[PDB]
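Asker: Residues per chain are reported as follows:
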Amino acid sequence: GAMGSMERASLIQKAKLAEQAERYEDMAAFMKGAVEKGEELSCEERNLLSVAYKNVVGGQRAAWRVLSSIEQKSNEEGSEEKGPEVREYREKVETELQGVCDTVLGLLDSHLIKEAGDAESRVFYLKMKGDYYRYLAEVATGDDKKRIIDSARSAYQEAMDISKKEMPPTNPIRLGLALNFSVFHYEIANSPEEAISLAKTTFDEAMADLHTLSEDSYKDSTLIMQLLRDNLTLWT
Amino acid sequence: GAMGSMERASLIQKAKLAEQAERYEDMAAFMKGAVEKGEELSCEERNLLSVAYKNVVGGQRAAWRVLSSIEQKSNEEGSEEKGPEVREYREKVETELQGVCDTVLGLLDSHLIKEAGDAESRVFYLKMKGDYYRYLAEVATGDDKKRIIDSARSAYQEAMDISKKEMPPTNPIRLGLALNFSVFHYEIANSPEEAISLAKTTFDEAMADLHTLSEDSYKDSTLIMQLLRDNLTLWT
Amino acid sequence: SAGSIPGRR
Amino acid sequence: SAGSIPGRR
Ligand SMILES: COC[C@H]1CC[C@@H]2/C1=C\[C@@]1(C)CCC(C(C)C)=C1[C@@H](O[C@H]1O[C@H](CO)[C@@H](O)[C@H](O)[C@H]1O)[C@H](O)[C@@H]2C
Ligand SMILES: COC[C@H]1CC[C@@H]2/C1=C\[C@@]1(C)CCC(C(C)C)=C1[C@@H](O[C@H]1O[C@H](CO)[C@@H](O)[C@H](O)[C@H]1O)[C@H](O)[C@@H]2C
Ligand SMILES: [Cl-]
Ligand SMILES: [Cl-]
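Residue numbers (my numbering), protein chains in the order written: chain A, 1 to 236; chain B, 1 to 236; chain C, 1 to 9; chain D, 1 to 9.
Keep in mind the hints are simulated off the structure, nothing from the lab. Just so it is clear, CB atoms sit at the ideal spot from N, CA and C, and this is done for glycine as well. One thing to keep in mind: the hints can contain errors.
[As the list claims (entries may be wrong)] Here are the computed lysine-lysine pairs in the DSSO-like style, where the Cα-Cα straight-line distance is at most 30 Å: (1) B/37 x A/16; (2) A/92 x B/37; (3) A/145 x A/82.
[Stated by the list, open to error] Per the computed footprint, the stretches of chain B lying under chain D, defined by three or more beta-carbons under 8 Å from a beta-carbon of chain D, are: (4) 112-125; (5) 183-193.
If we strip away everything but chain A, and leave its shape as in the complex, we get:
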């Protein structure tokens, strides 16, 4: 790959510079290069990988939603025919988004997940796998939509099982996994009751464990707990 000639440490350094510069495509390319060196990632490095690709796919997802809404309106009664352009451009953005998701899933499969033994790494990567299958599911409409959804569910479920056995209820990775799996239930799997139940149980079990934490850990956990609460308020 184009990062093959750059030192691992230099790729990490440049990923951090790219973040400061809000150059998220560069950040993601540097982190992909770092992963492709073949060594496991540290906690900080995993976080950089996640931030870089989330910012990239987030721009694509926002654009896709804008274009899909225009396309949906164009297909309403009384809307004037304007040609193939809206569909074409929505498809262009869609294909690019799918390519980014496939790239992330490919890094996870070759070979981050299989070498991840500690709960903090394995849950993190399995959550990411769920997230990027979820983004694929958001745009899927063909014979494989059900399989894409089930791939997201399967990754999230394995992550959930490990997190419940190996992490405290306030662990931020555990909390963020639960938050995102709950969003999956609500928005992808047509299971709002499961989404609400998961968010509630997660929030309550975290509340009960806050007393064990330092001030800094408390701040980290309560931040994500507030996101759970925000979704519960939206959904109920």
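With chain A held as given, fit chains B, C and D with the ligands onto it using these hints.
Answerer: Leaving out everything else, chains B, C and D with the ligands in the frame of chain A:
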């Protein structure tokens, strides 16, 4: 080019969709394709060209400034040696920025300016030429910095001469040209007094012509006048 | 619509 | 530092 097979009207339509989707690189590529069809651009199309490339180069300029500031700090007394990476990455962003500026200047030279006869088109393109040479000047440090600055000054000056002869003092293109030429004087040419004089005279002559305008034209002109005033407040 | 983590910056 | 037009969106 990659847009050679797409209809002109479809490129314009997709540039508008790309704007709505905040996909400015796509917007710029569609507009470049439209220019390369060889027909003159309408007023609306010129505006799309300007918005698309301004958003692209604006992200690059902001990133360059972040990286240049880090690089400058690294070269201060007591700063720890961290290797070539900051310089390398600043150079990468710089080279990309220069490529975008060269692309814009190339469209202007082949052949937008030479076919632009009406003041509204010719002043618009000559202002753009000044702007993109100005962005080149912001990052220049070699034997050609003086020539780059003089290319920006020459384009702005030709635009100024036409605008004063052919447009009213409230014309938004005339006002925006004056605003940007004043910024050139202050930030590039080390001529703060010229910058201040130009901004003041421009503002005052526009004020005196507002009485001729409709409500909508008045709103358009007073918007840019406020930017002149903001710079005057910053500079005095 | 719903909040997930990480989010966009 | 100073304002120019167009600006970033
Ligand atoms: C795979 O799914 C990764 C997400 C699971 C929950 C969350 C996840 C992603 C990120 C990296 C981005 C948002 C946050 C914080 C601000 C909520 C974090 C991280 O937080 C870490 O990294 C961020 C960014 O550097 C820092 O701001 C935090 O101080 C740091 O603790 C936190 O510990 C866990 C890892
Ligand atoms: C080459 O230098 C182009 C700039 C010279 C001044 C200014 C220039 C750039 C843009 C296109 C973007 C900012 C503005 C307005 C909002 C100040 C305009 C335009 O404004 C036009 O286009 C914008 C965007 O579609 C619309 O919001 C306005 O309603 C429209 O009048 C205005 O008439 C002149 C052309
Ligand atoms: Cl397209
Ligand atoms: Cl680099």
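Asker: For a quick check of understanding: which of the numbered hints are violated here, in increasing order?
Answerer: 1 and 4
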